[PDB]
Amino acid sequence: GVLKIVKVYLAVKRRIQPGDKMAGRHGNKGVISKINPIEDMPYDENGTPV
Amino acid sequence: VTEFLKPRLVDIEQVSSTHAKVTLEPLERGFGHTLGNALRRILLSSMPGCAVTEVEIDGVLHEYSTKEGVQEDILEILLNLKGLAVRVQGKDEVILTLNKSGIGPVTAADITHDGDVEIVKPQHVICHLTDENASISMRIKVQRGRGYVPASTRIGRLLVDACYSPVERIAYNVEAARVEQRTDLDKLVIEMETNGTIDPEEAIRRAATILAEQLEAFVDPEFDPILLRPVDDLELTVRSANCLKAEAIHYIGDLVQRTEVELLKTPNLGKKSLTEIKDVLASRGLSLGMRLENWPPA
Amino acid sequence: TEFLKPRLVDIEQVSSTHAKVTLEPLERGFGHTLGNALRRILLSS
Amino acid sequence: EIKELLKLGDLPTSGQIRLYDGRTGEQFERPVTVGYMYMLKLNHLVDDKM
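Residue numbers (the deposited numbering), protein chains in the order written: chain A, 1045 to 1094; chain B, 5 to 158, 168 to 233, 247 to 324; chain C, 6 to 50; chain D, 1194 to 1243.
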């Protein structure tokens, strides 16, 4: 019954955003709740933000 | 009533080509952290810099492609292009051409020398041509802007995440300033680690300019819409559209006002074209010689 | 090559000597920047 | 041994460092541990679920 089949492969790049889930190897897991600009981030004396 | 002691850029210690130590002299206490934070906040996000926004590589269509004769895939190449540090004279968009044939790394130094364009790090690797019959020819678009503007912030071309800000890292120290007079003065030492697009002093005067400008005081339907659509929305033949535009007919409202007589009297329009135009107009409930009486309002 | 500067103002007089002025549409991060600069000037200068 | 590496690292031995609040510039009132952690982005993404 099938005349023709078309498959379309679409590629998408996903950037980390609020609601995505991150975790470490020790069982510490959590969802991203806030993305705050670099200047608001806690930083070391030499200026490196975390 | 003791008027405040104001700062002025006093020293510049270029630890390197992209790392400096600016010092503002004689600042009243507590102002160290105040200006330190205001400035650190402007510098880390409000600085203007050039960044690659689009790239046109020959033979490549989608960024997912991989190239015959190139070590890294197109994605890696665009990711390399993100790190292209360019300082442009006085423009908000410049096209760089990169032609390279041979074996070995294709660095930013291989980019065609433009008079305006300054390439901060010529040894910056963009590619790696594997075989000696391999070659790349690409057009890198560099634009001026602010902050981090991703490619997702939207033709056989590709888009690259724009990192406009010239500054990577900022640090500051408050340190007591000298001079036996008054004694209770400090000096703000701003340690900068930029990408080499911007000079220390102008970065400071621009952060200060943005700050000061933020502080600028504190004070206290009828008619058919289709008529304002461009003629291109009618989807005429290229020729007809070009002829109409050549007659200063850029919108549907302009077209529906003209009559057959007037249109045929134009140098470039014949019976075929007029027939086509009447057909496309009739297909949308429109015609020639339409009165809209009031062309236009505001 | 600009920035969003001064737009729409509001004043909430909690009392005869207590008010709440609001400067609207300042680019993200400018809230704490102006907030701390001003808080520092007001609390000492 | 980790303390030793931290020494070549130049320390603090505890692994805590003075950290500045990016909003204020004032230091956080106590020393805070900061280190490189290895973190993974899990297959659960808001894009899929919402």
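What the hints contain is simulated information worked out from the structure, not anything from laboratory work.
Mixed in with the good hints, there may be bad ones.
As the list claims (entries may be wrong) - Pairs of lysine-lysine, PhoX-like flavour, derived with a Cα cap of 20 Å:
1) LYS1234(D) with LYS1073(A)
2) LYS25(B) with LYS291(B)
3) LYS1078(A) with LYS1065(A)
4) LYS304(B) with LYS291(B)
5) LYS145(B) with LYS125(B)
6) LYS1200(D) with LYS1065(A)
7) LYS95(B) with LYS25(B)
8) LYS1057(A) with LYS1196(D)
9) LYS1057(A) with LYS86(B)
10) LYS1078(A) with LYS1242(D)
11) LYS1073(A) with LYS1196(D)
12) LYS271(B) with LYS291(B)
13) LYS71(B) with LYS95(B)
14) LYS1196(D) with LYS1065(A)
15) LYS1196(D) with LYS1078(A)
16) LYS297(B) with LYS271(B)
17) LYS104(B) with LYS125(B)
18) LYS1200(D) with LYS1057(A)
19) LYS10(B) with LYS304(B)
20) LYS86(B) with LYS25(B)
21) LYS145(B) with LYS104(B)
22) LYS125(B) with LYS71(B)
Take a quick look at whether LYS86(B) and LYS25(B) sit within 20 Å of each other, Cα to Cα. 27 Å, violated
Hey, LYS25(B) versus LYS291(B), does the alpha-carbon distance stay inside 20 Å? 72 Å, violated
Hint consistency between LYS1078(A) and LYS1242(D) [alpha-carbon to alpha-carbon, up to 20 Å]: With Cα atoms ~18 Å apart, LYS1078(A) and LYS1242(D) stay inside 20 Å; holds.
Proposed proximity, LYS1196(D) with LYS1057(A) (alpha carbon, max 20 Å): 41 Å, violated
For the pair we were handed, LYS95(B) and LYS25(B), check the Cα-Cα distance against 20 Å. With Cα atoms ~28 Å apart, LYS95(B) and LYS25(B) exceed 20 Å; violated.
Does the structure keep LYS1200(D) and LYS1065(A) at a Cα separation of 20 Å or less? 35 Å, violated
Satisfaction of hint between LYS291(B) and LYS304(B), Cα-Cα up to 20 Å: The given pair, whose Cα atoms are some 16 Å apart, holds under the 20 Å limit.
Given the hint that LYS297(B) pairs with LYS271(B), does the C-alpha gap stay at or below 20 Å? 18 Å, holds
Within a Cα-Cα threshold of 20 Å, do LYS1196(D) and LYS1065(A) meet the stated pairing? 32 Å, violated
Run the distance test for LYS271(B) versus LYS291(B): straight-line Cα separation, threshold 20 Å. 15 Å, holds
Starting from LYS10(B), check that the Cα of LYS304(B) is at most 20 Å away, please. Answer violated: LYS10(B) to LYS304(B) is near 73 Å, above 20 Å.
Taken at face value, is the distance from the CA of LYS125(B) to the CA of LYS145(B) at most 20 Å? Roughly 17 Å between the alpha carbons, so the hint for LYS145(B) and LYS125(B) holds.
Taken one by one, the earlier hints fail for this structure at numbers 2, 6, 7, 8, 11, 13, 14, 15, 18, 19, 20 and 22, listed in ascending order.
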